[PDB]
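Of the protein chains in this complex, all but one are displayed in their positions.
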Amino acid sequence: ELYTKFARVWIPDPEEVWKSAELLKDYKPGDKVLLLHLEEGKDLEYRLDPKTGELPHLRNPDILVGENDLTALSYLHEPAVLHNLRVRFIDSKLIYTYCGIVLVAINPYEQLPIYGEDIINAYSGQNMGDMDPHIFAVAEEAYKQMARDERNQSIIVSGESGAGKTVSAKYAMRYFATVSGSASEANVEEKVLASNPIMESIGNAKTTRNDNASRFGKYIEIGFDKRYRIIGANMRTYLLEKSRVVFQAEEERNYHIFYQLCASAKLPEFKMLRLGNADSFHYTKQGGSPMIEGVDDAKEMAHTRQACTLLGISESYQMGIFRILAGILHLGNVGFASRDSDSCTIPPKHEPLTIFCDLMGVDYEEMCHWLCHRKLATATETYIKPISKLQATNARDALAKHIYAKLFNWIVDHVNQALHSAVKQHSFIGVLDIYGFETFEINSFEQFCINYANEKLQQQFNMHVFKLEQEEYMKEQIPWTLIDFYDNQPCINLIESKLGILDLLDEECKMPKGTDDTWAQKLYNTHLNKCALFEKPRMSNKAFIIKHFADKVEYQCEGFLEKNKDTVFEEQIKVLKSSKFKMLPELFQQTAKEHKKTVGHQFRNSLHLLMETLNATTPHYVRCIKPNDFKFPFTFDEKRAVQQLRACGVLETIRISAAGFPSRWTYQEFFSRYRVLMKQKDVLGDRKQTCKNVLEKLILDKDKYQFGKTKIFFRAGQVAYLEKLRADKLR
Amino acid sequence: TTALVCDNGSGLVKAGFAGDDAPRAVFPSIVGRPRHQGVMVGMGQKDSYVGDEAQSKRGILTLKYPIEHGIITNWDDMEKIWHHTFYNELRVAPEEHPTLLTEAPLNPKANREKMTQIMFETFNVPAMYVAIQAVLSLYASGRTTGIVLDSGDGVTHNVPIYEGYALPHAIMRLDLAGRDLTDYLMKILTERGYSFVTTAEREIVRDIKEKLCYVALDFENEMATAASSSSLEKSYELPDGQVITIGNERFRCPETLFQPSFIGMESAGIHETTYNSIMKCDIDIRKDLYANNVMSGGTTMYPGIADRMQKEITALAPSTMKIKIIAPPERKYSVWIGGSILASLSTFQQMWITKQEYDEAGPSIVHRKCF
Amino acid sequence: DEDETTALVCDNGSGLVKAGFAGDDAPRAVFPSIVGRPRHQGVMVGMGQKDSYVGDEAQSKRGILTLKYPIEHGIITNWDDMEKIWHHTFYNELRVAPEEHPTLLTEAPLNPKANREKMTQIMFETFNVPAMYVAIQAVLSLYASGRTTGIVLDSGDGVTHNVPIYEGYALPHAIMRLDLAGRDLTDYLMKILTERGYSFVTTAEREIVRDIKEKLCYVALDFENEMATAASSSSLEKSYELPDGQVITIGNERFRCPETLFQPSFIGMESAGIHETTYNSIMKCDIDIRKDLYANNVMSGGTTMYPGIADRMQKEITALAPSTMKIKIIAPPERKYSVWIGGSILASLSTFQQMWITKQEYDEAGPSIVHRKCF
Partner (left out) sequence: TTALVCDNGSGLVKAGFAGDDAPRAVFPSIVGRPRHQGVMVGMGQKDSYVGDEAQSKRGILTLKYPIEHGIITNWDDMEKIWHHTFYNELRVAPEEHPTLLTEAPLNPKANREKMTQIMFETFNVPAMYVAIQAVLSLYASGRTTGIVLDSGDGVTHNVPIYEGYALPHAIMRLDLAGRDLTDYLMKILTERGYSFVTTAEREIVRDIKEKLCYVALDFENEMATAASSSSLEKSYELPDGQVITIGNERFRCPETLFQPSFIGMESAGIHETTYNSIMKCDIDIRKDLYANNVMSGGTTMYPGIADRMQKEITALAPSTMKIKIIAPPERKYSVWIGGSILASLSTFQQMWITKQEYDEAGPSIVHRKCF
């Protein structure tokens, strides 16, 4: 039995998560209690599950717990893999690690000088597998593959907010520059550093988990030529939250830019825009926390104006962006009085609307009319209909979401104008700065869309892991059928397919008597007993459950329908496109289909386009882990760390690896280590044939190992069992 | 843990936790099933509805009664009713709290056994118990001695009790109850051309009954004032706006409790069964039963019934005996309140039939526990 | 998945056909359901007049061609001409092959079973549609109204019909179809214009009387008072300039014509007026739901597009119903496309994509399949 008296195990804790314990006896089969030795003393006994006979996780030998890849461990379970990263981060202060293809990075909240030119010059020209794990190792892998294969590459950075995704992308970008010298005629690195403060101001918001989080997929292309020398860059944007512009969750707030405007309303230039307060403005008052503790949004507005000035966008255009943003909030204050026969109206000289019409340079009478009524065209005649108060707020808020998304894209076009070059690229490396899985005790449309986006990236990752293993098996002349493929497309098809979760939400969005409760009733009728994946709480009819890769997630049905709406009447676009202001004609420079899609259908469009962009490039992968929530240097918390490992999905790739053949060793390394076990009569004139013969005597079952042309593959725990036999022979 | 308490009422279920002053859930024990054709292609649809969500769809639904004559007629409907109470109404796991249920005297042994079986087989209750409605409404009345007349929707019953001990040979169950008064009310409204035929229309006649009807202190006098003065008439507004005039029938429908001949029964009136069940008791204790006639159940909610029942018991009993008829205001929930009190007492854990007792001894353990 | 083999949706109107794709807000094609045929000889051999003309190209040749009507009283009279109307819609108007997209069609309640079967047969055998469906106009105009409960009064060119609905369920005994419709109002209008010597006899002249009807006529709020002001004030005579150039006066007829809907005795019918049929069909429903039908009287179809009709209907129903019921009439603009819009909504639902009679299902089950699919 591997349950001996020197073999430590792992016992759960509601605090330390996992405590190591040492066996005081050799466990015998059918024993119902096991005697253990904790770090606090031999004061513990262990009752074995009397229904399944389950024993605690065995600890790995001391010769295996010191490595830079989790794949080097024999036993592959949460206690062992959490501990391996923990000791590295605490004792050796190691931030990087490998999980097969994946690089992992634990944020040390402490200036590390492993980014000096002297480390860059030591790693340069050498093999990434001979070097220690580092951003430079995956960056120089991608550079080498781009030059050798003549094919574009992409590094996918993901994790929680504050985890180092931005920070790791800057180090990767610095390396891409230094590996080809410099671009002093373009200064792409300075322009990228000037873009990020203005991009996060318009694209990030405050959340209950973090004072600042990104709400979209940021994608930067780094271009190179035939000399593979960096010549320029481009900024791409995807999966942007639309609901945020209008709706705020409790203890959260809108995009930081909106409050930068609000805090700066004291200055004479912003005073002309007649900006008031965040409690008066609707798209901002809802959250209950307009200001962030320890942060001054007026100092951030000074920084973003300097960053715009470094990018070279005119101060006249900056003030134009501010004037538009002041306008869309005055528009949010336009409230409609209810009328008879499903109608509404606006008060005479309504002050938010008179200010809006003056700021946007449009006629009040036309703006008032196209909101008190709506147009309906036919093949014979045009007609005008009354519009309900609820239809008018939905149209106003869909219009506000649309015109902000156009303004965002306008700003991103100027960022591209600064980053691009007249010199054509021969090749390019992408960096994707996307997020991890999202879960809470109550989940909304936003969390659903975030998890749907993670499932697609996970499918690509799952396929790649299989593809590379299959290529390694074929190279070692080992049957592919011996590895199993674990994917997640059923969870994807459940959401986007016909009559799936998303298509029933679009159907309930178009139906005139559809409701959040009627959608929930449709989901219970269509997927409850037709998909074991789908689940439903018994003591409620307001929520539904979906199996996602990381864990199952429960979503509250209420709000989904309202948030999916994005329809806006084209006459309301026309009266703003005819603005006397110079910017609005350039914001709305086919539209008839686009102005009728739902948010969910726009999100699906965006995600599939990003998925095919990442499918064209050769992919690489890195995970960012935040070790605590107190922002303390080198402070590790097991509760936060195991949650991060789950969000990053790495506990499932470690499991796929363990279910297959994780540990693997060349016949010569195997011989060098276990020659002690071999007798003079056992050793042959060939070490390969020696190792094949003695391994079949040491381990009688033939499914425990796999013989290659150059290396032996092993199941989980089998190398630890050999090390146990090696130790038991010595003593 | 806090035990759950529920009255299995034949037309109205009450439910809550032990210690609650009043039942936190109350609804009609009605399943409603569609009777029309869905012509809206691609809409949200349900199979059958329960209580208030059946009553809001009357007409389009035809209505059912899982209990009749105080006994269960369909266990598949009762399973849905119980599911509703636990997860959809009280939102509580039945595996967490014990379940006290109720029943009328002279209820079949098979009805109690199958009710016991379902609680442990499908709802997986840790422990349960079935209590006679009478003893519970006497606990709510707060005396150790007294005869209860409990009259519900589907059954009416007399139970004399002394020093906490019932007299099982003296009890008298009667099938005349509030449903038969509703069925008679349709016939006597049809005499003025106000006919009704659907179960959805029967619910409107039932409202009319509960709103307008009352017991006469002297029928012959009330018939004479209805014929001569005619001032007893009331107009009622039906759901489509039309008014109907209801008078004379306002005292004739409940008078059936004292005169069962109206509906062709050979059975004696409610006062005569209270008198006869006291006469079955020992002569030394009758005086204490006459001093403690407890009214109970929703059919005892007729204006004037306590004064009549008195004139009627005083006419049968000796003139030396002090006839007293007590009627607890909240008669509709007297049984539930008594269950909520009983389930709270530290001296009730022995009565809880545990799952382990059911699994070992079989469903007939419920009878051994009770007797 | 912006591309869906987007279904085609069409209302087979007895005097006016509408068609388009699902998801179009309005019918992109609309024309008179008229086949015109020449009644004169060719003055030359190179004349070569088309054997038949359809819709607008028949209307531009009035008096030279005789106009027919492939539909009468809501039912098809000539299937060869309905094949010609359908062919026109597919390639000579929408410019689309019927083998690509499924087709939704429509009909009035109490339509004969053979009319539905032969319509389904021609679509699968002549046009070779992959899948098709046939929908009652009342549920479609209720989708366009946007409520799960109400009574619709649909009044077209060739048929009128009442249908009460609640919780998405209908009452098959309470429905009431009436043959009085916009064509009979046009025929009566010719008779009452003939009182001023304005005689009309051709179907080409009927079309001018039909324009006059749609342009000048209105429903009165009190007929006896409107007769008194017509006789005394005499300020109701509107001289309609005929297309040719004949200024012809129209006065009392501007209300006597549409009043036939409330007074069918003008045209010798024993049948009740439109308000009486809406009241009786509510009074056949169960007593609880009547209050919800009174709150939701939906007007639909082109014959309801008369000035004053909703206010008269509100008074006429209020005079019949109990005074405690709040009588509400629902009569928005453009009610002539309500049925089509409802078809375009239905064909766009994901839950409707399993309710398509397929070409294989027809080939296996035979023409009776359309009845199994409905009931």
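By written order: A, B and C. Residues from 1 in each chain.
In this text, a residue touches a chain if its C-beta (ideal position, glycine included) is under 8 Å from a C-beta of that chain, and two chains touch if they have at least 3 such contacts.
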item	value
Identified contact with the non-displayed chain, of B:263, B:321 or B:365	B:263
Touching the absent chain when the full complex is considered, from C:42, C:63, C:146 or C:172	C:172
Of B:2, B:48 or B:62, the residue in touch with the unshown chain	B:62
Residue among C:97, C:114, C:231 or C:319 touching the omitted chain	C:114
Options B:64, B:114, B:143 or B:187, residue touching the unrepresented chain	B:187
Chain not shown, touching residues in chain B	35, 62, 187, 190-193, 195, 197-200, 263-264
Residue numbers in chain C that touch the chain omitted from display	75, 110, 112-114, 171-174, 179, 265, 270-271
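Operating definition for what follows: only the chains that are shown with their structure count from here on.
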item	value
Chain A-chain C separation of Cα centroids, rounded to whole Å	56
Residues of chain B whose C-beta touches two or more other chains	42, 45
Set of chain A residues in contact with two or more other chains	507
